[PDB]
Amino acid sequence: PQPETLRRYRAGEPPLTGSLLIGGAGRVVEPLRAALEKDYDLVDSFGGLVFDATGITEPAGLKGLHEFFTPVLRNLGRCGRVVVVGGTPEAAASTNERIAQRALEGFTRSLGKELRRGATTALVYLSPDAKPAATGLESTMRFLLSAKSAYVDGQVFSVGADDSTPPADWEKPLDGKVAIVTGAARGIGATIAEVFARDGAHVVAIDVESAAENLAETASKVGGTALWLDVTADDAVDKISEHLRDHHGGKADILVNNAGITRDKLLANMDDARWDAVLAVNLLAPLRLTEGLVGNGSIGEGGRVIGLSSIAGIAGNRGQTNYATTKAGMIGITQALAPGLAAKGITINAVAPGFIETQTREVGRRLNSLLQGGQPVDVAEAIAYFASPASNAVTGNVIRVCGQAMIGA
């Protein structure tokens, strides 16, 4: 009983390898069909199973989940996508509807732990205030119903009421956009830059001076520019804005707060410098860069801020009272600023990676529904989803990229 080689994004291929079945009842089934009609193969294997649960307003109606899924799970293909779409529970028209809509999460997390051959589950809630066409839902569904979401599993997405505008080209969604990526010389940051450039964006790649030639290498590979910077410095916002003005028209559309450090130590053995330095790089700097780049006009309307939280921030981790406080605080930034940024036309989100390959580890690779570690592209893809200019109805969200890792809160 072993790990599937996971399907990942490749130019030119259809989003799903099988057909797309949209079932259930409520307000989303018909407009989603109309929207996905021309790029997806509507009803082969099922590449995708979508259930509209928005019509379920009492716990007695949860039966529809069973009635829809049980006959069709046999036909779900390799790396197939299961998504349940509900109404935001707090916004339901009754306490019965709230209970039912909330119950949907026990279902989708459980079904993630049953699906085979790299297939995944997700739960998406849509505001009851979205218009009937649900154009604000489309970027979320397109990311989920595709190879891009390869390592995102068992999670919950929250879409608001606003309408969206599709990008000129769904395969080039970040075309014309300027994106700043911190910690961009290596690892996940370098890959965010890559996936960003692939989607059409011009990247400002930031890292510390010691990451020298590595930062130039990334910058060259992605067709962007290298900016050598300590993000904790008093003058970081000024220097970032100066580079924007000198090389990118004074604006950025996107900021990815990817740079991060660990200094693991048990609390009983913790020193001031290890606490402070991790707090400075991981929490204080992304807060200062977000408030300062928005505040000086560098990032404005249509803007996107994505932070890197992590599983240790949600579940805790031994020797990481410093790091986990900062990753929990990243979630705080994301939740606290979302209402203010909305008022300025900016979204803010966070991606929380689990076990991702590449510079005990055995357990860490195995302990998830997908039976394997993730790849840096898997995290980059979740982050580009949020960066989309059609993702304006997504804000306040924290999405683990973890293979449905067992560990949590």
Given for the second form:
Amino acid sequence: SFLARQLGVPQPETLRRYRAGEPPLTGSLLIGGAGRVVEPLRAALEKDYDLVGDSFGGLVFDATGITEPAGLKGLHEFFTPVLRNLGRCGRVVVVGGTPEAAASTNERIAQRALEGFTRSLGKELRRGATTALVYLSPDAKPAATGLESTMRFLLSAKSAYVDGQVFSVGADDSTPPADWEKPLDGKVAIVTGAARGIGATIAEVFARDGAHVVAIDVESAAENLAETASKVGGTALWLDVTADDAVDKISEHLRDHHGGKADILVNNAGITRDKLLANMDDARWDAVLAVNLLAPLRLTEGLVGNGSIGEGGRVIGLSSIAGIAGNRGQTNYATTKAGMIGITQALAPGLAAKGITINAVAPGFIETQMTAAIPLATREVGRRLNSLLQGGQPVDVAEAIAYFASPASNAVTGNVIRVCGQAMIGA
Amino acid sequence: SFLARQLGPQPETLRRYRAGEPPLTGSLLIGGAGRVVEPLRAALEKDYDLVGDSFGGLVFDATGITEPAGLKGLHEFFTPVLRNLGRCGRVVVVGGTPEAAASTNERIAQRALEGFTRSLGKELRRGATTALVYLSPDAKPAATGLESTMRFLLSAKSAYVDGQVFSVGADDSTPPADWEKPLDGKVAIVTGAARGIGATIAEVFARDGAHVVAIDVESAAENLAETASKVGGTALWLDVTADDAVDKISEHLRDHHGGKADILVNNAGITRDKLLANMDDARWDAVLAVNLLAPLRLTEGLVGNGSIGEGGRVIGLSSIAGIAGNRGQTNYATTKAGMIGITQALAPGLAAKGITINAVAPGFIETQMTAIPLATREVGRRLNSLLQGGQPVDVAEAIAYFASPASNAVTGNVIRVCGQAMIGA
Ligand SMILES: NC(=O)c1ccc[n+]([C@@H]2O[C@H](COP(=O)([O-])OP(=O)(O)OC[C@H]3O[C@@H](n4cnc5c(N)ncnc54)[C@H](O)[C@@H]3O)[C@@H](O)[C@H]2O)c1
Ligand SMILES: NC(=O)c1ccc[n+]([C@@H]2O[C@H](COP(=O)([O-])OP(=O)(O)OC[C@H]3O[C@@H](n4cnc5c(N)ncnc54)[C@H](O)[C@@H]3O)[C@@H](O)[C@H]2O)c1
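Can you swap the form deposited without nicotinamide-adenine-dinucleotide for the form solved in complex with nicotinamide-adenine-dinucleotide?
Full assembly next; the chain just shown is listed first.
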């Protein structure tokens, strides 16, 4: 952090990321509040976590009990005497009931208001700690199995760069994977743009979690793609995702390798022909659309509609912060990455009725060749302009994607999660 | 200072409203394809120079784009003409409500537009601004309910609203007698109006025809009197958090305005910043009570006893902090997300009743609160596309737009007045 003097900014925390064998949080877990979540959750986490009843690993507050704005006082009552004790890379999650679904307008106002609390708290925490808000459907049964994959993602090292975000967990029940630490056991994952970078690390994490990976890139990058296939022990596929025949060239690979079925599609491939719109030609427009928006919609509609992905399937699309907040010289790119959010939102109901979920991850600043291609000052500021005072890592994005891919994450669809470390920029 | 230099800023002096001056710096060019271009050309022919010099405004009808391949339309219209956009020009893309699209393709493409407008917002020079307006595909072809939004955007009134998303329903609209005296004959209750923003909300309302009930607390007596005097309104002392609050306002409306008021403004707000780990009951409770409990109490109360009925308008004051959070403001932002909460929650019910409810989230606004040290003041001032802080008028204008009798199809809305501040969710 070489400009910490210039921008009056703290040294960053070394963010704790996932290691097999290590406990999920580094302290004890406090589950307070009142409502229909405190007891179930206390119950679901007894064994894997360290429930009070030193230093707090986690702080979960149950806001579902708060049915009017006057109840909000509780956030205060619970949080104030404990923040003093939140350990390194601690985890604070408020859980509320879906505001549009609330039993009163009064209730709805209190639950909506929660975001202001969580995102503000995100900005006060220290030494690597992060906040999250999670809404749960009031039609969720009292055990709330559908909430588990989400709580377990946040209440761990994996959500290391997920900060100040809002998760929406629907009403369906869920079944734990056989092994929370091998959640994608015997799953078939297609990962486009897997030669290098984020796509590659998706593959790695997927494979670490138990999945068989189909690593797609173009022939130009086969070598790095061979290197990825090897390392996850998956299979390569040389393919332009924009080609008429692409959907067919994937189903056939599935037919020769995987009984013709897949469980997970990750639309990760992308390109960035940047330029100001005043100076934008047709070719720099079209390419970006083709790769970035036209293809993922087609691979999604294609593979589902040809039966390659069916019940229990998962589709995670790679959005971007530019897609939400906009970015100078990226009217093409930000249109595609906004469209990506379109696909997630537009397709979710139809796919829901097919037992398929779809979500998007919007990465923030991530160390990659591409951030490495930005002028160093502009680059360094960018790297530092977030609650967590540093740039993300490709693992941090893959994690978010692997939380979505989870078989227990079935109650979570239509979600867009930023992996930005609570970057200051946004809509 | 080095980083200043290294990074590359030339703030345009922003053009604001002035009785008499054209609403644009040049001709309006309305293009694209779909259900909005023809009606808009006809609605706007009188007061605007349509392109049958340089571009005062550009409006692109995107409602005709039904698939992502069609997005390229945006590029074919804007690329060629952008170079000719003037000082404080306006760019507006009109689309169909994505959730209400006739296909998922359409939904994708239409949702995608915000990427475009927010980004373009960030490219425009000379203090020009971009906006996205979504129109219910259920609006009649006439598109009467859109006009008030098009006039507010396509004017200097909207000088500090940039990069925003406006969402317009299906309902038909009647235009005011006089677009320049929009609130003529209206009675507005503006709370927190002794100083700054509220005080300015009272002026703008006067300028537009309203009889203003300027409200404040006892301590503020002196500055209230000045407001009420300046705007030809009448003054009311009360603390909005009093149990008799609704009753006292109601007593006033009988004595002075036939029991009726048309618009309620929950402007009254206060801070009390403290890190949450040093937050006490008083600092929590005071803010909650003034900023969230009160505004609701007033609205529900004032609709519920009939003081504000059919044609009514409640505009509430959010804040970017309630959108993006902010250090030392768990209490404050809880309440201003609360305000959005009030807005989104009371909207269906208030619609069924003939009342629209909307919110405004100011950015950084030159005011007496903003007593913030130079270090911080300087960067919040400059961290938006317009490269400067905003004036109270810029906010009150936005509020006046909502408040128009012609803004009936506009409800549910939260609009930031931030000159597209970088900070958000
Ligand atoms: N900071 C970041 O690097 C960052 C931040 C936000 C979002 N993203 C997004 O995340 C995704 C991965 O990030 P990245 O920077 O590694 O992207 P990238 O530009 O490096 O592209 C990823 C891979 O996809 C491949 N690809 C391009 N066109 C293809 C096509 N026609 N068919 C098959 N493969 C194709 C490329 O060869 C490349 O190896 C991208 O969609 C990007 O837009 C990245
Ligand atoms: N000033 C900004 O840059 C900005 C930014 C974000 C949000 N806002 C919001 O806009 C509003 C206006 O604030 P401002 O910046 O002009 O500062 P301000 O405090 O001067 O204006 C608030 C007014 O409300 C009055 N007030 C306070 N409590 C009251 C009560 N109990 N009953 C009646 N009146 C009461 C005060 O007397 C004052 O006149 C606030 O709600 C604020 O949260 C302003």
